[PDB]
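K.L.:
The lines below spell out each chain.
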Amino acid sequence: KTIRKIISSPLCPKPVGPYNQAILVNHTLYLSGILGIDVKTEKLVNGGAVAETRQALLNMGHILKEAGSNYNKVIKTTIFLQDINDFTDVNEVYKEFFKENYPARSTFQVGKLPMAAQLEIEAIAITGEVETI
Amino acid sequence: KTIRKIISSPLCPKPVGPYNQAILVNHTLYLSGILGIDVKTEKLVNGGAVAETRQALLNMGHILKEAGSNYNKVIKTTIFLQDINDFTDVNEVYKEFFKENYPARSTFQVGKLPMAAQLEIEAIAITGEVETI
Amino acid sequence: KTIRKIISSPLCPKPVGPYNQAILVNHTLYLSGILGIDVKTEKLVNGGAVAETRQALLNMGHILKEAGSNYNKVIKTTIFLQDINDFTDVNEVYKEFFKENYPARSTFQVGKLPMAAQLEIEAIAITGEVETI
Ligand SMILES: [Mg+2]
Ligand code: NA
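Here the protein sequences line up with chains A, B and C, keeping their order.
Basically the numbering used here = 1-based index in the first sequence + 45.
Basically the numbering used here = 1-based index in the second sequence + 45.
Basically the numbering used here = 1-based index in the third sequence + 45.
Simulated from the structure, these hints should not be mistaken for lab results.
Treat the hints with care, as some may be off.
Chain copies aren't distinguished; within one or between two, either way the pair holds.
When the alpha-carbon atoms are kept at most 27 angstroms apart in a straight line, the in silico DSS-like pairs for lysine-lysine are as follows [as the list claims (entries may be wrong)]:
hint, residue 1, residue 2
1, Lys46, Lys88
2, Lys46, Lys144
3, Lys140, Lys50
4, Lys140, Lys157
For reference, chain A alone in the conformation it holds in the complex:
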């Protein structure tokens, strides 16, 4: 049998809808795309792409920790941008969170994001013990 666990953290925003913040399948954690929402206001943080990146990655950490993962167990990220010219600024914030054994990554500019956001970040991570060889 496969072990599925529904992952939720009240520290990470959860706008209404038929989705879960993350789903754990054995040791592989599939995270929903994260916007830079302030959990208190339920709105995007002010300040644009830098602030939204930072907020999204802080929010992500609550989901990773709830599942028994962490930033240094993230396998792959996808960065959806409203504007490819924000990449440099987004990547500088990304380096605040990802310091070693860096994830695989894809990045592109989309047509639009929900909530008129400047980005959205999706990730896959590993839970439990990880030997990096």
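Dock chains B and C with the ligands against the given chain A, drawing on the hints supplied.
P.N.:
Chains B and C with the ligands in isolation, oriented as in the chain A frame:
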């Protein structure tokens, strides 16, 4: 070894390029993106985003059943929209299919979809027995 | 324990920033999105979508082989296009590399790609022995 199975249903629109409808690896099913095509016509259903979402999710059910999965064993979906303003409507259709243990999800507006479609959905699901906690 | 391997092929452009070419988790290989970059010039190959598809898929083969995979062990690809009207030409190049047991796939047009590329291709693959039933 890893067991791979090619998944094919004649009830889901057949591939119009060098791809399979889905690939099963052990118990993880990787679905290709699905459009709201009626296999009886080789065309999108009429009526725009709502109709197309419903037909895409019916199509998905054929693939899931062929592989030994189902909607309640879907792990992650990605919804590609031609217009972000269809999101609420697409979500209402989505809830006709996904009732519990909801998948992780990401949603965004693309530049263009194949067939000038309004909606495309890709998914990852689990086959066989699933114990949910 | 989950075994993670950091994949780095010297026959492909070395990561400049906080990402890796691919991450191997047990026998599942998560590839970064690949652009059609010439490893020597660190610039896209000239000639547009056809040339960039060929170079991207040549780069993918370097990364797959470094990890112990190959094209016939790719599970799923995603093709990010600058122009959906390139699909027919991209598919003709894709068929140079993928011959049998075709991956699942999604293809769509984005707003913009890094480096003003015409194409980016991401993949998931299997390492080690694979039995196709
Ligand atoms: Mg701006
Ligand atoms: Na800014």
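K.L.:
Compare the structure with each hint and give your call.
P.N.:
Hints, verified against the model:
1. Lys46 x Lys88: Classified as neither; 39 angstroms inside a copy, 38 angstroms across copies.
2. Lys46 x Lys144: between (35 angstroms within a copy, 22 angstroms between copies)
3. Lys140 x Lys50: between (29 angstroms within a copy, 20 angstroms between copies)
4. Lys140 x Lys157: Result: close both inside a copy and across copies, 25 angstroms intra and 23 angstroms inter.
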